[PDB]
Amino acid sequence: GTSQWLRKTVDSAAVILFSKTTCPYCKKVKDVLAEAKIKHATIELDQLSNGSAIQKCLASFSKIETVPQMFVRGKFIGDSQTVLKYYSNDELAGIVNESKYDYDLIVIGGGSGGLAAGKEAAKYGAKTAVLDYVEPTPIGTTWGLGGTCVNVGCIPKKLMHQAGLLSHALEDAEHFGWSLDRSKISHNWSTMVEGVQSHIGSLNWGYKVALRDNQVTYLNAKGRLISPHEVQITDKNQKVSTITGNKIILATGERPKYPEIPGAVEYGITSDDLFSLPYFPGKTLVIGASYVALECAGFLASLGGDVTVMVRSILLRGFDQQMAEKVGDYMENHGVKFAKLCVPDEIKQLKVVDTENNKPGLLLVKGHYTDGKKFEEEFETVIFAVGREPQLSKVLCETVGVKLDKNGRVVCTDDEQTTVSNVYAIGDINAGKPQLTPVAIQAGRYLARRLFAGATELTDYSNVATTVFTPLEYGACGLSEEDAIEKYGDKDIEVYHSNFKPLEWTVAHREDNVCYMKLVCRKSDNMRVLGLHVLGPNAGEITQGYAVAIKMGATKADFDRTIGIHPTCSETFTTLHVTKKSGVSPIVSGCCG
């Protein structure tokens, strides 16, 4: 494997130094490169099992087996005397910048994965360009650099969730002795949006400064891959040019879908519009049942809004259905209405949005239930959350040879490579992968290290933990109970479970036996934890550290031997004893023995 690894490494690296930690010739070259501000990867062969073997293999490229060896874009450029000769003769800049292509890397898409890949690549002396363009929504909404999460996803949705959580905090503060009257306090949408948008603007700016400080070229331009090494760019002036790159990372993400019904595009909005909406949504219908649908419905209700969710079938398809039902039950018991087994037929406009007074319009939504009854109700705002899709026909010419799946996602190897060998795809467009920001970031950073620094480490997409930021949050890592049973059979599955009550809920007079957790375990594999699930406050904080234990193959016994931190919600994972098979109730009292 050594010679194949060295061939791949040398071919792809922009600027790389084969070195040893203790070699003074290696230091003289490093000091020259640092003095010349020449960024590069370094492989210290004295720190590798197969270092002796890599030294021998290097003579296939350079005819030498000594360190240091410096390579540029697939070519041996010199030992220490040669690199110091180019430096002293003012030749070294020209040599380290020599390329068949404008860039070593072009990243098409300036979101979670693309920015992480481009910044990481630049660290190893890849000459990098990041392209980002935000096609406006149908009402004309656009935003700055950073992608879906930063501008219209995780960041603003979690901030608006925090605004919603602070309602319950106002309520609780009265029971804890604070002299405020919750009933007299109102929420101002636009004040909140201004604060969220100021934060997002600081991120848009921060990314532009980070790219400038890493010597990455940022182009606010729509990129189209027209051949393996050619990207056509279209700038704001509609000026069309071609730039060339050695490696191409496709990181273009997805955008909301609309249903094909009259008035949906004209009169509804999506999450892309919600997070900067200049008017308060008012009485709101959310059509959909994804995590986006429920998160948005939930914070809007907690802000004091009249909210209905129109559900075609089930909530949170693909997540553990027991947990999904508990998530929705909590919502229904806390001010969210559900129109169940219901689909929309038409959106009719009753009032146009008021762009001066910043007031919503008014819409008539017609739909129907599975039982044949009509749905007909007025809403000020209608939010579609009915899926997301890539729009790669925009992004790649069909003649380039990048294989897509039946959903228009990119078919990749376990190292993110497409069917075009210099072209990789990361993030939400990579078929089959969890569509999450930290997944796109790890994939992009690890890929950049493989391309430009001879790393071997792949991204592990297994047992990737999630959290749904509904009013009562839901954290999970691993299999749903139903998927565990389908895979291993019911007789090989043991489920430990318990209700719990946050201590913070006691004096606040909140619910007993609503927060809930379970461990789905495999009996024949030492009670291996296949899936962890928790409904409760701060569920992402609870779940994250257990992800490390599950990656390590935690068993039930590993959870039991660990001592709780008291008083916490998370400690309940360390004392679970009630099995589903026993039929014993998972309910709990305050204190027992």
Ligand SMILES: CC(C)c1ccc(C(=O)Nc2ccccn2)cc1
Contents of the next structure:
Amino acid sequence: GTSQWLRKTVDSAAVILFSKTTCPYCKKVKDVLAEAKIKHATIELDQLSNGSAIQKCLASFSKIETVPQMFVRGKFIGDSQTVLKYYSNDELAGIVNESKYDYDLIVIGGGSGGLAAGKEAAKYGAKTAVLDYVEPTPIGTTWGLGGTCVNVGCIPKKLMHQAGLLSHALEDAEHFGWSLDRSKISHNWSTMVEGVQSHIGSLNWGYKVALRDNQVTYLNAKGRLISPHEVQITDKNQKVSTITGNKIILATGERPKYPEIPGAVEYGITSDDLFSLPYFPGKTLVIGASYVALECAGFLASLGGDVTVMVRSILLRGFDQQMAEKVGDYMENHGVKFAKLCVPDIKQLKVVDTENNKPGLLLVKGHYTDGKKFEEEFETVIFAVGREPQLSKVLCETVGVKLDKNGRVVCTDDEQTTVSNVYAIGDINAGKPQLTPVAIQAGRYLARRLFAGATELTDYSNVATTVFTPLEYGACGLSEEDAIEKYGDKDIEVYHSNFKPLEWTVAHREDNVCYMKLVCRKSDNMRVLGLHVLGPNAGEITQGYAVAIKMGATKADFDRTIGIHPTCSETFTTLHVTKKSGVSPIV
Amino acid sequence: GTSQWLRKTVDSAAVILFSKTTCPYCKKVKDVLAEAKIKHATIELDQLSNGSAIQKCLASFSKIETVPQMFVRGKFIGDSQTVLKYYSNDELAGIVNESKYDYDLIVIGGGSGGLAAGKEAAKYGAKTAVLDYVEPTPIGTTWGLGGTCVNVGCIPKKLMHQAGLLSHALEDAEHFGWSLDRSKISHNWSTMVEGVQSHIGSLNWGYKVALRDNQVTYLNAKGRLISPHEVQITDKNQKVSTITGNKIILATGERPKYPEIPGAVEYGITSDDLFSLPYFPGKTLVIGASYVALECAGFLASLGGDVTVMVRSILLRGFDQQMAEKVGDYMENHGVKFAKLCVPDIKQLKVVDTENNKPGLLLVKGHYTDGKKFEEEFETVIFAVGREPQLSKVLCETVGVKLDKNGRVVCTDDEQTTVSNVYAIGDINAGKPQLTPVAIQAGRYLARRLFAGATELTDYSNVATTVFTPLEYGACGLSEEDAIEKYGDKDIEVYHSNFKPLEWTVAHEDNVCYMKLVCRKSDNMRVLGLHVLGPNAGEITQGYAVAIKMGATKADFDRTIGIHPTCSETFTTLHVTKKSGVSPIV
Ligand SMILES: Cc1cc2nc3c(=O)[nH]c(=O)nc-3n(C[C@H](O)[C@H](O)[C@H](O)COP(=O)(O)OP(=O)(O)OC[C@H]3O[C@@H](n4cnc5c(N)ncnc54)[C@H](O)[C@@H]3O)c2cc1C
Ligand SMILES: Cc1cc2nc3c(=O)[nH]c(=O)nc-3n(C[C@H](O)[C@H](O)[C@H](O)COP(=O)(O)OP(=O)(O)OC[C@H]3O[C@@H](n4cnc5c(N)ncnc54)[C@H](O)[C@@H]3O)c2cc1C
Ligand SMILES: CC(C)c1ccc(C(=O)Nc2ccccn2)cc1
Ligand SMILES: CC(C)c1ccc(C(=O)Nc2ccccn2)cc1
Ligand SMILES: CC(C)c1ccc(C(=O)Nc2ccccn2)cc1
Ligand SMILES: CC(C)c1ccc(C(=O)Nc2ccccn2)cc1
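Having seen the form solved without this ligand, the form deposited with this ligand bound:
Whole complex next, starting from this chain.
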């Protein structure tokens, strides 16, 4: 046990010192490594449960049982006397830099998970490279370092969502006594895009500075794994070459799908294009019903667009369907149109006026699930019908990395692939929630295990979400239907309530539109299986309850905790109406 | 064990049925009870672990061991056959209404705690009265049913806070691309107070409807406990009379303090007056440094006021002082002036212009702690120098209810006073956090124990708070300095970080928002306190209070994954310690 951990730690760490906090010979060695600017991992044995056992096992590698001991890339280098000898004779730099490979770690993909992994590895002395390349969209859109969330995902969509939220703040202000006239105020799309893009540019630059300042080599190049340790790179002049690395992390993400119909790729766009679009989309058709589809349709309408959503079957497939219908009903009442049970069969009527900064004009033909016909004109068509990786671009099938039926990488619970030195993290890891904080945790925890002897795994269970539709929807845990299916209706109790934000009272907003529920398991001390809230600031409300749910919260835990007044969130601490009772949840 | 519980439950329940869910004879009795409209508590012996023991113990009271058994005010009434007999013979209504007292429960005080207690008790068949009276302020201000929070507390102050927050939303709008010009927009105070007061009135009315619909007698009169069971009342015509009750709940709250200086009561106001003031206060001096003082100064400044706060010693005494100073620094950078280490020694220069709807004008003289002099003119002077009960207006000394040095009621952990049938809840319960949700929980749990045989006690530990200053401050648990005093600096580790809301990026400050976890090293890095300064701090904080109740450690925060993008997710990845000396900036 200790033996197998020690062997694993020594063989994969780049530079690691086994030390004790009390020993002055260790302090003397650390100061030498610091002066020569040699980064390394440190294991303080006088601070572990069985540091006394580890000390004995080190002898199997070094033939000595004492401390300090310094290792480089699996090889014992020396004790205090021996390392200072190398430093005195100017032999230390060559010892710590000699390696079978160009790099201790190559990360393919410069996004949420990839950049996190790369920065953390370099912290412990691993010589690291991060490759990033953004294949342009069909109309040519491209962007800088940071991945999907930073450039064409969470960051710009939540900023445009805020811009939509400000429209209702402006209406609310009259009722709170401010003198503005909401009716005489308009919105300027391109002014908003400029501010959003200027923030994104500051993040592109921040990441390049972080990589430099951590001694990480950044190559803006497309990488392709051709053998377990060989990566073929292609730079911006199409120059091809090969670099080698001990450990490999695949972190290349996904891109939007298009439906296989005429006109789609030629005349429509996706969220990849929307966030830097130089003109306001205008009358817009959104095809799809994922959280991407609904979030974009939501702020476009709040910024004054004529928005329609074409829905093939249901909204938010995979989420609690009662909550999904409440989300959609709110959007329909505040000016989003829906074309339900409908799929597209696109014709161009006007080309994009790239001079005067104006959209084109399109004709969309489709049909409903019973056979009736759809036909209508739109200035912009946005597709949001899912995302997929294309690992045939990234990874040669000869290498031996097993993929699933969807094209995602099959990993063990420590992100290891079927090839012992190759790992995968983020959206391409099969079966895991596809979220930015998840990929960041996976990458940081992997790097620590590879290069610092850490043991902690990433926990992928009960990860909380928030959908940033005009009225936001937070969740943690099981949907109601999933709990019933897993345990049976008789074993599931559901507490719920409508509520009204105190901020909505003076503004004359709706009484019984916000909603929340706890789905609980009767036979397990009324364990909270899932939490669900529809209302403002839903992600801030939900986050903290995810710690309690990780810890096994029951209904009695919610009951004995006191509320903060006045808040939306406090309604969770006094819930009492059950669905079984039949009593109304309104307030 | 069981037998002492049963005796206590039977003695004080007004009407209670011992029952089994399966039994059709019990269902038959249930069906008769309402129809006659008899509210009652029910205990299902087949749902309790020791139901077999309780069934046996009942025989000590009724000389029978079966179900159903129905009791009224401590006396066994009968089984199925006997209850139906009383029903057919028109005798049941008189049985259930027979009482030594006028009411099973008298609640003195119609506020957060008292309204909660009374409504809950009436659910289980207790005949209940709630008394509320609002002694006018020195200038005459009064208001309706619901207590301090509803009328002159949490509700109007958070609505005015929201009006203040909207000023900055109006500025932020231009950067997100909206065409308005913030510099040409003004605020109308009276329009805002009208909307606030209309909501408050709808709460006043809602409470009167709630008591009606629960069969609670609402008396708009002042109450005084003159003996353990005797409450003297004085109605709005000064008519005096006496009502009796079995159980008594004291729930009379506090009112604002004035300092003992010339001009204070005559020419200044308190928060009691602020939330319905007919004119904008204008240039305003706030004396005090409580959360009331800072919250009012803060929104008045956002609504265009020229505001100064006069601080005797420190801000937010009793809260974490690092967080307190960050709160104050932000206010000082965004308008509010502070007269630090200063106390007042008030002259009237203009009387309030009630006709033209304008404030008067005052001269304030005071001094700093080094002896230098303060002298300055203001239109409104708001005192926020604490709050206090006045139980020598509620409670005759001869009754025997013990008070502490501050004048609050000394209570057991089940809210019992030194007089066995008299209880106290809310702000006047000595040593308890003085917060509305606490009073509500205390009243509801007490009613269940008195009238439904419940056993659950209110848990007053680690109750979360939020101060709604212009940048909000949420907390749950120990301040950092309190943790260190109790355990020693070497056993305390603090993780912290600045952060920037994503909404602040396009609107253009980088390192003002802040959060920390104060942890105990020798107890698996247990989270002893959480603290956050930032927008929506109350929404951020609430959910972590459940995890802290459950004993959360730093490892529990670390293994939970963030929601992106949120301010709150910063709690899930904290790693910079204060001992490291590394900067918390971002
Ligand atoms: C519109 C939208 C909104 C979203 N909103 C949220 C939200 O609010 N919250 C949330 O948690 N998640 C959100 N997500 C999901 C989140 O963006 C992803 O889960 C996350 O970005 C995935 O990180 P990753 O490291 O796996 O890959 P990515 O972030 O996609 O980065 C992978 C990078 O590798 C590059 N790459 C690909 N192939 C190669 C190659 N051969 N060589 C070199 N580089 C290559 C890609 O171009 C990209 O830069 C959103 C996604 C979208 C599309
Ligand atoms: C400005 C301000 C802001 C606040 N903000 C918050 C906040 O955001 N969150 C929070 O949790 N708490 C807040 N509080 C505290 C909250 O108001 C109290 O904790 C809570 O209202 C106390 O409830 P209570 O039942 O003890 O008394 P109260 O709510 O004060 O009600 C007592 C009632 O009894 C009446 N009464 C008194 N004497 C008699 C008598 N002899 N006969 C009959 N009736 C009588 C009183 O007139 C009053 O109506 C705030 C307080 C103030 C002053
Ligand atoms: C095989 C095919 C997918 C391919 C074609 C071209 C390139 C290319 O132009 N790369 C690059 C790198 C950085 C910035 C700009 N361009 C890479 C791969
Ligand atoms: C059908 C209805 C919901 C609708 C909604 C919004 C508008 C609008 O004010 N703007 C608009 C329209 C077309 C292109 C761009 N913007 C018109 C109609
Ligand atoms: C307007 C209505 C609410 C009301 C008004 C006054 C009184 C009253 O007579 N109070 C009292 C208090 C102290 C000494 C004498 N009387 C009771 C209710
Ligand atoms: C900081 C301080 C000098 C100040 C702040 C605000 C104002 C202001 O615009 N209004 C105002 C003035 C008097 C009474 C009420 N409001 C004037 C001076």
